[PDB]
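**Student:** Single-letter residue listing:
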Amino acid sequence: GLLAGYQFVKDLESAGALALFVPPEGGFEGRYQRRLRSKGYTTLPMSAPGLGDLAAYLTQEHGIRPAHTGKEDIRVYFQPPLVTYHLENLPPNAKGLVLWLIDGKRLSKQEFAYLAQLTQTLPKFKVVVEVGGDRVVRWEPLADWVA
Amino acid sequence: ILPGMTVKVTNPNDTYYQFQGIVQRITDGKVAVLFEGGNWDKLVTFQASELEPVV
Amino acid sequence: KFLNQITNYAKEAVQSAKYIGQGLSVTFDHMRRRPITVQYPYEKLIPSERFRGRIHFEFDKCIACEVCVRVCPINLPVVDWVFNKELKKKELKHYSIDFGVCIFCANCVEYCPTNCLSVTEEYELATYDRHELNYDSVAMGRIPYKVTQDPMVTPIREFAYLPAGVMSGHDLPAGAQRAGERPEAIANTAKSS
Amino acid sequence: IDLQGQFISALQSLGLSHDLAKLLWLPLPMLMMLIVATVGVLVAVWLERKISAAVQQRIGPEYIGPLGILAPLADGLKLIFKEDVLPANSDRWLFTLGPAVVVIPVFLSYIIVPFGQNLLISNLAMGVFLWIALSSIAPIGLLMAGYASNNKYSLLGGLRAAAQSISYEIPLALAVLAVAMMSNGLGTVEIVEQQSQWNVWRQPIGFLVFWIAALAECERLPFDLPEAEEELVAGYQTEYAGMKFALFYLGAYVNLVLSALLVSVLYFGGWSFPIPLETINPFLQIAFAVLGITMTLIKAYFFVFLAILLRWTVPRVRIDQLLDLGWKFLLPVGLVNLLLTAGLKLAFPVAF
Amino acid sequence: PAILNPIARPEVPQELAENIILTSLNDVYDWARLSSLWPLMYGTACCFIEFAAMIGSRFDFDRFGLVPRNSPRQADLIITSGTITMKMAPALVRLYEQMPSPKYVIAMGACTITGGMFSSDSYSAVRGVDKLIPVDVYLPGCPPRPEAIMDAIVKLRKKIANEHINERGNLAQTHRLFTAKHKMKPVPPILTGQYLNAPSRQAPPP
Amino acid sequence: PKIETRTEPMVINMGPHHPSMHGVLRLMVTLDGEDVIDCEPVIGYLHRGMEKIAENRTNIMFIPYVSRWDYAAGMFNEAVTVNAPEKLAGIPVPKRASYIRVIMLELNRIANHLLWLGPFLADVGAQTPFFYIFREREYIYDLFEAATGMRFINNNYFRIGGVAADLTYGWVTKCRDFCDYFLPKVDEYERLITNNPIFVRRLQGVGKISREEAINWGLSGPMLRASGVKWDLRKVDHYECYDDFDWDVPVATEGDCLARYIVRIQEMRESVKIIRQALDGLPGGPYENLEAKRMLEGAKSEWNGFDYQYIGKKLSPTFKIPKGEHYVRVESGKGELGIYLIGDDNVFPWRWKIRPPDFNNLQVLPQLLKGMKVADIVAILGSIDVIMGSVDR
Amino acid sequence: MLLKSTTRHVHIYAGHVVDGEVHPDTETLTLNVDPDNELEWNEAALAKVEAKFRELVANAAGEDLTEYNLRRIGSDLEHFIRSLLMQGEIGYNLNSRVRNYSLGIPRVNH
Ligand code: SF4
Ligand code: SF4
Ligand code: SF4
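Chains as they are written, first to last, in PDB author numbering: chain N, 2 to 148; chain S, 45 to 99; chain I, 2 to 194; chain A, 5 to 201, 207 to 289, 299 to 370; chain K, 7 to 212; chain H, 2 to 394; chain M, 1 to 110.
Keep in mind that the hints were calculated from the coordinates and are not lab data.
There could be a bad hint or two in this list.
[Said to hold, decoys possible] Here are the computed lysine to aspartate or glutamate pairs in the EDC-like style, where the Cα-Cα straight-line distance is at most 16 Å:
#, chain 1, residue 1, chain 2, residue 2
1, K, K187, M, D25
2, N, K110, N, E62
3, S, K52, S, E96
4, N, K125, N, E89
5, I, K192, S, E96
6, H, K354, H, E326
7, H, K96, H, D167
8, I, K62, I, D81
9, H, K53, K, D127
10, I, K94, N, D54
11, I, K91, I, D61
12, K, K137, M, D25
13, K, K189, M, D64
14, K, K189, M, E55
15, N, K106, I, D151
16, K, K187, M, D64
17, I, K19, H, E191
18, I, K94, I, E67
19, H, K324, H, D345
20, H, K315, I, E111
21, H, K88, H, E326
22, H, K321, H, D345
23, K, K191, M, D64
24, K, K187, M, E63
25, N, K96, K, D127
26, K, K189, M, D36
27, K, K191, M, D36
28, K, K93, M, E67
29, H, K186, I, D151
30, N, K110, N, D54
31, K, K137, M, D36
32, K, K189, M, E63
33, H, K3, A, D95
34, K, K191, M, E27
35, K, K191, M, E63
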């Protein structure tokens, strides 16, 4: 390719959830993230190997229990949702809140379908998933690639 | 194959060849074999076709 | 007195040139030997049958023994239970391990009686933030990676899994096995003569 | 085909003041040599980077481009893009002028390397002697980089850069005097047109002299003390961060390329597939031009290869083991070679 | 007291650019600073020995353009390799800050992102390098497989590409600084040479 | 911008940020015209508090800490931390687990000498042997990763009553293949070095201690044995499975860097001579034949007895080490590791101590720099096999 | 020579910044709260930090000028900043830089 415009942004605004099959070098995908930030979208990657039910961390409010090491007996923190807090901490002229997941291979079909269905509800919110693979950066709707 | 059922491996192209192990979890066609042996219990995902449901 | 000095001078010179050309020929010989490099992202390396990567966890087999905390060097895993009153059972309400703190000594795995808590071959852990490494009960099972089942990898065995006499693991037949017979084969061999 | 002639005549056909026409052909080769110099730097960097991996059963860059072809591109573009920092008490004029002084004359000495007959810039009657002169300016830039820095760690290792560069210019001069005997002068075209069917066979000793004095121009791990990374971190370079460090880097590799091309023209020749060429006509001139260019680059490449291949074969030397080569092995032997060639040219003036 | 440790809700958002001729050049800019990260040889513990094995020939990291560099000024990356005690920490901030501005960090090991095993019952360990410098990528594990470091570098390389060229304002220091006169009686330095030339080493007392 | 020279000795800082591997270490050195009068070595940049962490941590809880003292070889110290409470309780150790202990621990000695050799040559010029050791030292990583889980360090393979885990199936003949592949290569190194003049002229006679001057300063390791002293705790202390093997303890007498190099490089061959002689003598041989011969008939036979098991009674995390103090020791690569253990009545010890060889060996850095040069320092500092991690106690 | 306490978002020295140098004077005690912009500062909370520093040097300091003491001061300031950042005066910057929560993640105060 060696040069690409903004058709990725149109594909994302159309489908809602894409799936990148970038190479295992991580050098030729952040530019599309830039093309998104060049429009008004704001990003937050949070590395799916570390996300749980994906209904408690995105929609609902969940309880994180930090590491006690013999000291400071068990305690909760109750961090707020990742998708109703950053979505409200946007700037004024914000088109939406895209969502990046670096390691998508470790997740399963069910939460792929959940993230896809979650694009329609909760409108100003989009999703991208870096399911590693192909030697040329191509993408596909995430409702597809499953069933 | 279903959970809780001991199995073994039938795949000469795999380092875990002819080990017996108990199935732990199954999601999306790939099953997590648990090799109770040695000292540390090891856990690995195999396809259903690499396995053989031994008695 | 003076001629001997010049001869020793020339002798030192010649011996130095020779001992330099020796290493010259050695290095010029190393540049035909195949690279033992492991072109990792496309030519990943297969971990052993005892490597200690990420910890696994089932929610149904735990019985809240607190051995995991009482045995970890730093009392890391966060067990949280409430003791429902049907008769005696400790009900396990939450379980996490901060893998930014965990040391991968796997004594947790060693003393869990239920075979709930195991080691996986995930060595590809990394984040842009350390509050994402705190893996929850539903994010610790999560069905590990299995390097071989990756469409863009050429796996390699390591020195303990290569045939006898073989040293590298790059250009290998597609039927290679470790070194020798398993004990089952030896037993069925001695039984059959 | 005398491209100068056609360029001037075709440009003199639409006028443009024939003197001005002869003036306007100047920058073309003057920048073409910059092109091949920069390309030689890129090639030298990539070559060292892959051959130092072949020596070690390693594989150099292959994810930059296909085969690391675009690695020094990335390096240079980065070092443009990096911040520059001028430390606290360092001088502002000398700091950003040291690397220019040590880099410039190595480029300026590309006005003598032939690549082919009448395919160079301005054959000087002085030639190699001007290179021996201009190469002695580098220690000034090195001492400038040393003084123009509050880093005693730097100046302590920038003085030893003006201790070897000021030590391997005398035998470097004597080994080329031994060639100036044979060749009726000092011009490169005259050093090499003396080969019509090579000086290495008649300078079996001065080869080692020139070639050890050229490797030891603060270049390679046999010595390269002023960049002794393990002894004292990067010597004089450790306060140079952005494009200035790139100037030093560029300067080292481009000087190495110059040394290779210059050994080629002195002792072997930038022509002469070793048969007595020209025994076998524009379409033939454009063929022998390419042949001479190609063979020049073959020999220059072989010397670049041997030079980088000593870097990974030959542990360094402190400073006393170094300076006991100069004045104790290279200078007496260069004098002996000079006297030998003189006596032989006096007795056997044929063949010289 | 409603959302502790909160987010700040910025305004005047970022005013990014959109023309193609600039964003392609931005891609080249990022690719160039990306594919030639030059680390700093910074070793303190066995994480450095795994980094040394990463240098080696079983699997190098010379490819995708990394040259282990010896000084900070030429460098672009501190792969923080080992435990940071309370006596070497300023010798790490003075290596990080004493470096050109477009610089990144990787925190390999668990003894340098939470203190690891020494996160408890230790009195001289820094329990996280993220309270000394802005860590950019975390990888866990006392000694991690040094090919996991290359996963971290993959993950760092897909973050250098996530940058923009008209956004270098988030790359300098504001220096919100003050002054204060005091009275704390300066003492002489007891840290000099004088290990054998001291009079007490050449002197059995009376 | 300039520095204002003067007729006084110059002070320079070889700070924590070495461009090398030899830990983090200061050497505030004062010189008289490219000489060395003395230097204050300000070590301390890696004290994280072992000896007070070892008082809220029982044995099995503390054993992964133990492999961070010698980052190069994390089994000369797991072994000692095992042997310390093991002697008080008087727990008998079998011959199988102790031969495994010998094999793995001596293989770690090989690794230790290789990691000494690499930066020793990098600081003394070329970097190629640094790449030739991680081409070779990387195979024992795979051996350990097969037997234990992790590689160099953090194995935590050893236990009080013996060894944690019996070996893998194809470990023994593969270790034989490595043993046979190694001897041709310690010779290829001696083709590339040991006569190259630019190398041997660099460290001819730098550094020297007399026999009795190397015994006041207590240079317990090869430095003490590279000055005319036949003394190794594998032989004089009758360490566990010894006097059963052949022995040739190397000794030099020059006291200089050659006297250390030759000793190390002969030791890394004598070690293989031990290993080849141990694999041919296990109680059970390879685990394949052992397990097969057990299951064939030996549900009661003598191939399931105590001396053929890899451990005695596996213990709890409440072992409760008894009362009484003692000092255990082990001859590692750097020299004598040692532990002064006391115990009161409980799982938590009382004054866990480490006596590392690197500490005492690195005492005499400046005497060796009693007027040598600025640029032959690293050649001396690279001679001890200094691991600053072993100076955290 | 200097005697400094360089934590994250607190750097304390013992000289007087003239234009970007420091020039150790033995009595000026500069400060450089949050250079890396981990936090977004107001005019009030920053003044509270300033006043804490002033009444923490002068009010309790009459002993030697070791780095131990400056490090203790930096620790007290880095805990005071936790207090300000929990109570909710100041907050994280949110910018497209690192965004590593060195102090803590966001809670809700139930
Ligand atoms: S050791 Fe096993 S059963 Fe006990 S708390 Fe941990 S996971 Fe649950
Ligand atoms: S691996 Fe070690 S530190 Fe981690 S949970 Fe298990 S016992 Fe605890
Ligand atoms: S994290 Fe592990 S490898 Fe790194 S310094 Fe700590 S103990 Fe050593």
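**Student:** When the hints from earlier in the document are held up against this structure, which numbers fail?
**Tutor:** Violated: hints 2, 5, 12, 25, 26, 27 and 29.
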